[PDB]
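Let's start with one chain on its own, the form deposited in one PDB entry, as C-alpha cells.
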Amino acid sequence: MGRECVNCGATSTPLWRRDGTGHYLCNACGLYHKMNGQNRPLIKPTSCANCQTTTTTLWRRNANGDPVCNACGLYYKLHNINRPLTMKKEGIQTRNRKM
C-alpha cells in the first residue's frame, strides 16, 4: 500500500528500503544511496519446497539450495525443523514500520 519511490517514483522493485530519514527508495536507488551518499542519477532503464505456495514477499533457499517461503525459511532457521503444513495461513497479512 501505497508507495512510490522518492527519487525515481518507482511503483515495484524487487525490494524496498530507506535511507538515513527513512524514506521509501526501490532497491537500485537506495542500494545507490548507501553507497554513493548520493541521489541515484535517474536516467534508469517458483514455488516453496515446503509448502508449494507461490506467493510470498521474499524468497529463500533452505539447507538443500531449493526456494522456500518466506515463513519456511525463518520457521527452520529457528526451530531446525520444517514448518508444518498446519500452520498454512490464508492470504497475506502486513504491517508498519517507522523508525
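Superpose the two forms; the largest set of C-alphas matching within 1.5 Å is the rigid core. Residue numbers count along the first chain shown, from 1. What changes on going to the form deposited in another entry:
- Core-superposed comparison between the two forms: among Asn62, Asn39, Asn70, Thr53, the single residue whose C-alpha moves by 2 Å or more is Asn39.
- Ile81 shows a C-alpha shift below 2 Å between the two forms [criterion: core-superposed Cα displacement of 2 Å].
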The other form holds:
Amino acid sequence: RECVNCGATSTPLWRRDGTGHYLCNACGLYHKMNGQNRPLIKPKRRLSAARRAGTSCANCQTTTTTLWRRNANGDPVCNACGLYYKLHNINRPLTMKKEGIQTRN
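Having seen the form deposited in one PDB entry, please provide the structure of the form deposited in another entry.
What follows is just the one chain, with no partners and no other molecules.
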C-alpha cells in the first residue's frame, strides 16, 4: 500500500479518498481540512518503464513512451502519436517529434 498523493509507503494511520485510493494520515487530513492536495517537499516520483523490447512507434519511430497504444493496423504507436490520431484523424507529423518526454504535477 502507498499514498496516492505523496507515494509514502508507511504512515501512522492509513486513510482513503472518495475514489478507491489510499492516503497517508498527513495527506488525508490535509485534503479534508483544506480541499486541496497536500503540497510536497519534492514532487511525487513516477515516470516508470518507458521502453519495451521489440517495440517502437510505427508513426514516429520513437522507442520511448509513457504508454504504448496501437494504430488501426495493429502496430504499436507511442502515446503522443496514438492520441494525436484519435483527435485529428490524421497521423502526427514528424515535425512534431521532440527530443524528450515531459512530466506533470
